[PDB]
Structure formats: C-alpha cells, structure tokens
Amino acid sequence: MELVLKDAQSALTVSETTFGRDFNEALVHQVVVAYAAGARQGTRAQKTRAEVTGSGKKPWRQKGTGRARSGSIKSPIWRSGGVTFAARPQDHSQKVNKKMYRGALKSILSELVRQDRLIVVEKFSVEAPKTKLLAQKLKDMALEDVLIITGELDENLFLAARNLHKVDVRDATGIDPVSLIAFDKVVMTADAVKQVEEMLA
Amino acid sequence: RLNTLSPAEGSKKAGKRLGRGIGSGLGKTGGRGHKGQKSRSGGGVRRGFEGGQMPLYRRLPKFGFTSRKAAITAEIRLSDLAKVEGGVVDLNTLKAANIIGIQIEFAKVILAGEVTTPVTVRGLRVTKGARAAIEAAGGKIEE
Amino acid sequence: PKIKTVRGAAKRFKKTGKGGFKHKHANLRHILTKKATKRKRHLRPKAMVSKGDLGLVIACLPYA
Amino acid sequence: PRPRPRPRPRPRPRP
Amino acid sequence: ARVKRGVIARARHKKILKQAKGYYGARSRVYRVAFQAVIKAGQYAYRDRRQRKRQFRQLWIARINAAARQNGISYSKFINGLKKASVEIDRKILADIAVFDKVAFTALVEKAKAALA
RNA sequence: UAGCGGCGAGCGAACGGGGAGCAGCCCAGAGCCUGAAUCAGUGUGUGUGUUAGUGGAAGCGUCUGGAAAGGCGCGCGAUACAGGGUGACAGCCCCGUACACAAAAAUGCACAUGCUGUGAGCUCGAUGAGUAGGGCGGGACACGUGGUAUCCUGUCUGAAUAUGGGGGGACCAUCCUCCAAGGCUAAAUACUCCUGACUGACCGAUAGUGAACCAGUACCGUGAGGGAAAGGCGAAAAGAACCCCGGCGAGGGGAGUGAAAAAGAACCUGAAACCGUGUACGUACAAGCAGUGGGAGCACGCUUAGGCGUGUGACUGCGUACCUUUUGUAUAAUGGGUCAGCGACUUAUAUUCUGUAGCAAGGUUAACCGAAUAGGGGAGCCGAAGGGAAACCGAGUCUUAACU
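Residue numbers (the entry's author numbering), protein chains in the order written: chain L04, 1 to 201; chain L15, 2 to 144; chain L35, 1 to 64; chain PR, 11 to 25; chain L20, 1 to 117.
To be clear, the hints were calculated from the coordinates, so they are not data collected in a lab.
Please note that the accuracy of each hint is not assured.
Said to hold, decoys possible - Result set (DSS-like, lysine-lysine): computed pairs, CA atoms no more than 27 Å apart in a straight line: (1) 95 (chain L04) <-> 24 (chain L35); (2) 18 (chain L35) <-> 70 (chain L15); (3) 13 (chain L15) <-> 99 (chain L04); (4) 17 (chain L15) <-> 111 (chain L20); (5) 95 (chain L04) <-> 17 (chain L15); (6) 98 (chain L04) <-> 29 (chain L15); (7) 74 (chain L04) <-> 29 (chain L15); (8) 14 (chain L20) <-> 29 (chain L15); (9) 14 (chain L15) <-> 95 (chain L04); (10) 51 (chain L35) <-> 63 (chain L15); (11) 74 (chain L04) <-> 4 (chain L20); (12) 46 (chain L35) <-> 63 (chain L15); (13) 95 (chain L04) <-> 4 (chain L35); (14) 14 (chain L15) <-> 98 (chain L04); (15) 17 (chain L15) <-> 11 (chain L35); (16) 63 (chain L15) <-> 34 (chain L35); (17) 63 (chain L15) <-> 35 (chain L35); (18) 14 (chain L15) <-> 4 (chain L35); (19) 98 (chain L04) <-> 17 (chain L15); (20) 29 (chain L15) <-> 15 (chain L20); (21) 95 (chain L04) <-> 74 (chain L04); (22) 18 (chain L35) <-> 141 (chain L15); (23) 70 (chain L15) <-> 11 (chain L35); (24) 47 (chain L04) <-> 17 (chain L15); (25) 29 (chain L15) <-> 4 (chain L20); (26) 11 (chain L35) <-> 13 (chain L15); (27) 83 (chain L20) <-> 111 (chain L20); (28) 4 (chain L35) <-> 39 (chain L15); (29) 70 (chain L15) <-> 4 (chain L35); (30) 63 (chain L15) <-> 15 (chain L35); (31) 109 (chain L15) <-> 18 (chain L35); (32) 14 (chain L20) <-> 47 (chain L04); (33) 14 (chain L15) <-> 99 (chain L04); (34) 185 (chain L04) <-> 132 (chain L04); (35) 70 (chain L15) <-> 35 (chain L35).
Said to hold, decoys possible - Using C-beta positions, here's what the derived DEER-type ranges look like: (36) 102 (chain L04) <-> 8 (chain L15): 35 to 41 Å; (37) 18 (chain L20) <-> 53 (chain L15): 41 to 47 Å; (38) 54 (chain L35) <-> 17 (chain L04): 42 to 48 Å; (39) 102 (chain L04) <-> 136 (chain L15): 39 to 45 Å; (40) 13 (chain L04) <-> 54 (chain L35): 55 to 61 Å.
Just so it is clear, CB atoms sit at the ideal spot from N, CA and C, and this is done for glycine as well.
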C-alpha cells in the first residue's frame, strides 16, 4: 500500500486497514447522521395548557348551557393557547462507540483513495497570511474546493484560508467525517498522514 | 457524495402513527380496541394486578434472607487467572486488573478451563477441579 | 427515573439458570396438623413458576 | 353572549 | 417544526369537489355533502358495473324473443334449436342481427327449427 | 441494592470508588517578645476593562428588465463574501466586518506601596453542666417503635470531666477511633428582575409572551380579579391637479401620477362558504338519500367530409346519507347549518424483544479533563457458572443418614 505524492513521488506506506478496508456504507451513514445530530442546538419550547398565561376558571357551567363542555380557556382545542405536547429544550446528540467512530473514518479514508480524492504532499505552508497568494497556490495545482488538513496548524495558513469559502484549515487531531465527504478533494501533508495513522490505528 | 449515503435494509421502521385515517390501519382508537380501562388515556392496571384476585407475589409465601457475606465473595475463572500479573496471585492485585472489585473480601478459583501458565495461588480457595488443573500447569497452591 | 422493583415479588422469586423463577409452596404455615405427611412432604421443596404466570413476575421485577 | 333560563322542570316522582 | 396544513387541505377538498361537479344543491359546493355524494356515486358505479351486464343481457333476450315470435317460435325453443344446430352466436350479436337484417334472422330461425324438429 | 412498608400501594440508603474544588483558623489565659504574618479602612503608582468613539480594502461595459445587485464578458481586494440596507439575488454602492487605534472625567478588577486599626512567634496551662444520658410524647434520619442504633425537642430528672466520655445499628466484654456540650471561613454549587454580544433542523400574525399595530389597553365585575380584537398600497406619496354627475354630500365616471390603480388609502397575493348578472340546455301531469348504468334531443369545439369531445339532459332498470354506539340503525337512537384556520398516541428516564452496524469471551464508558460531537477517563455496568435460605460447595449443587 503506497501513497504517491504529486511532485517528488516519495513512496509513503501506511497500515493496510486504515486506507484499504471495505466501504461499510451503513457504518459511515450512522456516524454522519450522529455527527449532524450532535451539532443540533435543540433550543425550542412551546407552552402546554399549564403554561399559557390565563385563568384556571371554568368558562361556563357543566350543564344547563347549550355550549359544549369546557373546563379551561387554556385547552389545546381552543384559540389563544393550546399545544398539548409542547416541546422542551432537549439534546439530540447520540452516542457513538469508539471502534464504530474509528472504523467509519478508516472506511471513509479507504474510499477516498479509491475515488482518487486524497492528494498527499510533502509540505503545505504559505509564506504570508495573504489570501491572494494562497488562492494563487491551489489554482496552480488545479484545485478549487478542498479540505486543507495539516499535521501542525499554523496561524499563517489559518488566516489565509479564513475568507475563502471553499477551503478549510484544521488540525490533524481535529478531523471529522462530514468534511471528508462534503469537500470534493482532500489534501494531506507528509507528517499529517503519520499522525492520522496512529490516532486511528 | 454527501447525498448518497443510505442506511442498511431494515435499520429503520418509520414508527406507527396512530389515528391517521382508515388506510393507515391505526385510526379509530388506534390499535387498542373499543371501550374499557385500557382504552382510556392514562388507563391501565398496575404490575401484578389480577383484577382483585390475590396476586402471585402475594399468594405465595416469602422465604430466605440476604447474606452480606456473599456480597463480598466472588469466583475466579481460570480464563482471567493468567491475565492479571506475573506468576503469583493473591487476594489483592486482582482488583488492580478489575476482576473482583475493591469491596471483595473473599474469592474462590473455579474450574472454567483454558489455563496455561504456571500460576501460584496464595490465599484464595480453589475447589477441587481447578486445583488439579493449576497443578497440571506446574503451579503450586498455598494459603 | 429507573423502574422500581416490587419488593414483595423480590422476596418470593429467585432467578434460575435458564431464566425461570423458583418459589416456596403455599399451605405450609399454620394448620399443618390436619394435612397428610405426603401432602406436606411434596410442598417442602421449591417449585418452578408456571408459564401462565411467568409474564406477571417479569413485569413485577425486571432487574432481578 | 348569555345562556338561557333553562326549560322549567317538572315535579319529580318517587318509588 | 410546525407544519401549516393550508395548501394540502385545500387541494384535497378541491379534488373531491371536482368529482362532485354537476350535483344538485349542496352536493356540489359543500365539501361535507359532496364527499358523501362521491363515495355514494363510487359505490353505485361499482354496483352498476355488474348490473350493466345484466340489464343488457335481458335487453337482448327481449330483442330475440320479439323477433323469434314474429317468425313463429318461442325464445326457449329458439335457443335450444340453435344449441342443437351447433351455433355459438351470442345474444348480443343475435339481437343486433334481428334489428338490422331481418333476412338473416329468418335463416337462423329456420336453422334452429330444422335442428329442433 | 441492603432495608423500610395494612411487608399493600409505595418509600429508599449507606460503605466505598471515580471527578470539580481543596484553606484552615480564633476564644474560653498569663508571661517573654510587643506592631513580626495576617486581614480591614483609606490615598498613590502601574497594568487592564467599562461608560463617547476613529481609520478601515477592492468594477466596469453590455443585455433584458420600471428600476438591476440578475445573465454574459473581462479585472481587483480579502487577517475583511459575518450581517443589513440599497427600484429583482451585490465581496468591490453604503452602513458595516476582520484588523489596527482612542478617554478630558468617573470607576470595576489585579498587584506593588504610604498611613492607621488589627493582631505575630515561643513557653506553660486551660480545654465548653443543668450538658451528655435517662423517663413520658413526638419529630427527622430510606428506618411507619419494630430487636431499633443516631440526633433534635414539650415536660420531669440528671453524671463524669480528660488517670474521663461518645461512637463503631438492641445490649455486654475486648480493641479501634474521636472528643461534644464556644465560634469564623473562599472555591467548586443554584437562580436571572436587568445589560452587552452571539446562536437556534423554533413561530411566521387563530402561530409565537395575554399584547409584533401608544396591551395588561378597550371592555366586564363593588371588589379581589378576568381580559380581548386589531400587521402588510407603493421602489419612491409621486397618495389622485383639473372636469362631470351627485345634496358646495357619500359614491362613481373621465384625466393624470405610477411598471402595475383586475396596487386608490376598506389599499400585496384575494381561496371557500354565501350572494348575484349574462350565456347553453332541461324544467309548469309529474312523487322519495337526488346518485349511478343505459340513453333520445338541443347548443357548441374540431379535424375530417367518418366520427369524437364538452355542457345540459327527456325517459328508463337499480338505488332508504356519513359517524358513533351496538346482537342489530334509513331508523322516529347520538353528533354536525356551511366554509377557512387550529385540534388530539408526544417527550424525558429506565427495562424487555425485534431489525440493523461495530467488536467479540469480551463489549462498553458515566461524571470529569480536554485548542472540546477529536482524544483521554474502564470509576463503574452486563455476559463468560451455577446450586442452596445461607454457611458453603462447584460443572456440579440442593434434599436426606444416604439416595436405585
């Protein structure tokens, strides 16, 4: 298993199961849904018949009147107040096993090299935080919408990719499934591969 | 690529939505039949209720008692006897590999098979069966 | 809130190996002199819970 | 919106 | 996620009122009455799909029995004579034959009379 | 879970472990030494924040369109495409944003430090009496007096005092441990009347706070209190000069503004119930859930020059609404005048089973740490061994003296 670079063709080898396992679609889908579910804020609340600002007085008599039987004006079948099963601020994040999360990331990375979307390079660093020269850089290697992942997160590259919409800079420990899927291409520097190999194992 | 990930077959079931028309098959009291205590909202008998008849947990007599000595007593299988440390085993340091717990005061070594290494047992209570099995591996047993 | 256990059922049923429950026989407390010894002898050991009442004791105690 | 005086009740019997 | 059932409910009622077009009174304007009318009309359509095969068959029988008695033979003897003559022309064609071409029905009557006698 | 409990319903620990945060001191007293740590109250110095704020990048042509930010073409900035407005969707039109700066004066906080109070450090003592405990009656401890330990209290009593006493769950003896009947104490912990910034698989005016519109207002009730309805012209009023009818009215028709007045202030879009006018057909001798199958005639729309489609439909067979409740409803059993909007099996935590994914005799983390839905954390839970009430025994165990 060899990861060939773009220019110097220095042959880097990694573990077999990390970048060559079968693509378990069910395993990936659960983690992707769970990652989206954990980003849900879940800040919402309606009012029940016990929380609507109003009186607990019976509107009219139980019998005698020709009207329907009513006990409170806050009833959900009434106007100006209702909602029987009112929502509460809840948590939508769901638990993911360590081996399931790591197993899904290895299957995601294994499909990336099968779709030749993973481009490994020896180094990735800009001399100045200017976004013009960063936009000059990836255009020469014919990339427009990529995920810039490096082993060491430098502020010189963090500032240059802050304004460009289609690129994102992250730290090697801070990888997630959804950005490895949403972005078209993903680029590796040399030392990030050796750091993501051991964190997945 | 993000719009092609599908779950496996049978992973989802979409739930049962009650009171949603004739065609859904779960309208008109929604799968709980006609009138009765079980049909009311919040209705339902308590656990063990037999309709006023004396329940099984009241027809039968109580028996036995809870011994606090059994709560600080555990059993050691031979599978997790060679896993812990070196070649010697005693009352402590078994909780260091988390096979008994800190509160355990008594322990026994039972015959569960798959014992290879010559472990030396000191202080535990091997029954008859692992005693010949531990000595078959070369390890000695003392107190 | 977790399920609370019916303490009355806990003192009368004990979990067996395969998942069944053992219980003490009734008719063995006070009036023993008028029963035959053969009837009394058969009620001394514990007995299994029948399949008809097996669903009731599961709801009474889910944890034990 | 007011109710109604309700129909005048008849003299109720017994056993 | 609040779902306003405005567009879906209006389109559901419009579909029912579209099928109820042509009905008298509230059976074509009021959704409550029209939905009963459409269901009742659908029940009649399912029911009368069988009666159409009954009413037309007994209509053809009347057509055959009328023309056969003009030739001097009852309907019971005409079908029996045709059956004995190995003729499988059904009552639909036989009713249409007697209406248009009286000459061909006389040959069919004479063919059934020869087989019967 | 152990336990408590008409041992019913139900109530429900502790020990211990893993984490956050960890700060210890003073009096009941004299002497030596006295301001030595210590905090408190007021000034100064420095840092820093708040209450006003400043600078702050980068584009045109052309097409359509009322107007372009929209299409196309060729450029630029970007530590700044966060957001809003601008005649339709703007990174380069503006307000802004990132970033870099700013306080005359008033203060928050952090130290350093001036002054005052405050009391150091050492030795020798002292070491909390109507108190502990007990009797009667209660209360709280998961503990409902039960064999009931422990604490508090209404009343009655009532020691020892550090060679002494309490506790270790009735109680006795031995050991262990601690010291009451005097007090102070930050941190981790709870909440949001209010302020600033930011976010929402929250709502879009019968929803969302009762109140998006000068809403706790109109209004009701003596009073406490209850409590509404009511958003949208247009880009810009440019909101209609002027003429005519009409009561120097209301209202309307012209004209004009306007992209649009089937945008005119009752003003975006204008659904249904309901009420009309016109057109086509049927209908004044024909009985009923008003439909359906067949079906003549009439009026049109068409290519064809044969015939379909639309609308009405004489006549004719069949045909007693829907829901609920019921053995059974056209039932003269219930519900509904209609339309539009709202309206009812949801959520949280546990347990069981199924499907599905990972791992596999192992699986898995909680709290918490953490540049944090990454990684640690195996505290802890389930299974891999069960039998017996239990000691205990163990792939065997219980019963019995032992079991065929």
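Going through the hints against the structure:
1. 95 (chain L04) <-> 24 (chain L35): Outside the cut-off at roughly 44 Å; violated.
2. 18 (chain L35) <-> 70 (chain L15): Cα-Cα ~25 Å, so holds.
3. 13 (chain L15) <-> 99 (chain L04): holds (22 Å)
4. 17 (chain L15) <-> 111 (chain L20): violated (69 Å)
5. 95 (chain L04) <-> 17 (chain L15): holds (25 Å)
6. 98 (chain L04) <-> 29 (chain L15): Cα-Cα ~46 Å, so violated.
7. 74 (chain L04) <-> 29 (chain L15): Holds - the C-alpha atoms of residue 29 (chain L15) and residue 74 (chain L04) are around 26 Å apart, at most 27 Å.
8. 14 (chain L20) <-> 29 (chain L15): holds (25 Å)
9. 14 (chain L15) <-> 95 (chain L04): Holds: residue 14 (chain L15) and residue 95 (chain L04) sit about 20 Å apart, inside 27 Å.
10. 51 (chain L35) <-> 63 (chain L15): With Cα atoms ~20 Å apart, residue 51 (chain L35) and residue 63 (chain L15) stay inside 27 Å; holds.
11. 74 (chain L04) <-> 4 (chain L20): Answer holds: residue 74 (chain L04) to residue 4 (chain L20) is near 21 Å, not above 27 Å.
12. 46 (chain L35) <-> 63 (chain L15): holds (12 Å)
13. 95 (chain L04) <-> 4 (chain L35): Cα-Cα ~26 Å, so holds.
14. 14 (chain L15) <-> 98 (chain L04): Holds - the C-alpha atoms of residue 98 (chain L04) and residue 14 (chain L15) are around 26 Å apart, at most 27 Å.
15. 17 (chain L15) <-> 11 (chain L35): violated (39 Å)
16. 63 (chain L15) <-> 34 (chain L35): With a Cα-Cα distance of about 22 Å, the restraint between residue 63 (chain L15) and residue 34 (chain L35) holds, given a limit of 27 Å.
17. 63 (chain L15) <-> 35 (chain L35): Roughly 21 Å separates the two Cα atoms, so the pair holds.
18. 14 (chain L15) <-> 4 (chain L35): violated (30 Å)
19. 98 (chain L04) <-> 17 (chain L15): Violated, at roughly 32 Å.
20. 29 (chain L15) <-> 15 (chain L20): holds (24 Å)
21. 95 (chain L04) <-> 74 (chain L04): Violated: residue 95 (chain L04) and residue 74 (chain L04) sit about 38 Å apart, past 27 Å.
22. 18 (chain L35) <-> 141 (chain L15): violated (36 Å)
23. 70 (chain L15) <-> 11 (chain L35): holds (18 Å)
24. 47 (chain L04) <-> 17 (chain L15): holds (26 Å)
25. 29 (chain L15) <-> 4 (chain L20): holds (24 Å)
26. 11 (chain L35) <-> 13 (chain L15): Status violated; Cα separation ~41 Å.
27. 83 (chain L20) <-> 111 (chain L20): Since the Cα atoms of residue 83 (chain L20) and residue 111 (chain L20) sit roughly 11 Å apart, the hinted pair holds (cutoff 27 Å).
28. 4 (chain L35) <-> 39 (chain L15): holds (22 Å)
29. 70 (chain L15) <-> 4 (chain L35): Distance ~25 Å between residue 70 (chain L15) and residue 4 (chain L35) Cα, so the pair holds.
30. 63 (chain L15) <-> 15 (chain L35): Holds - the C-alpha atoms of residue 15 (chain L35) and residue 63 (chain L15) are around 15 Å apart, at most 27 Å.
31. 109 (chain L15) <-> 18 (chain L35): Holds, at about 23 Å.
32. 14 (chain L20) <-> 47 (chain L04): violated (34 Å)
33. 14 (chain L15) <-> 99 (chain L04): holds (26 Å)
34. 185 (chain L04) <-> 132 (chain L04): holds (21 Å)
35. 70 (chain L15) <-> 35 (chain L35): The hint is violated at about 38 Å.
36. 102 (chain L04) <-> 8 (chain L15): 35 to 41 Å: At roughly 20 Å between Cβ atoms, residue 8 (chain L15) and residue 102 (chain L04) fall outside 35 to 41 Å, so the hint is violated.
37. 18 (chain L20) <-> 53 (chain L15): 41 to 47 Å: violated (58 Å)
38. 54 (chain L35) <-> 17 (chain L04): 42 to 48 Å: About 46 Å separates the Cβ atoms of residue 54 (chain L35) and residue 17 (chain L04), which means 42 to 48 Å holds.
39. 102 (chain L04) <-> 136 (chain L15): 39 to 45 Å: For residue 102 (chain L04) and residue 136 (chain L15) the Cβ distance comes to about 43 Å; the hint holds.
40. 13 (chain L04) <-> 54 (chain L35): 55 to 61 Å: At 60 Å between Cβs, range holds.
Checked against the numbered hints above, the structure breaks hints 1, 4, 6, 15, 18, 19, 21, 22, 26, 32, 35, 36, 37 and satisfies the rest.
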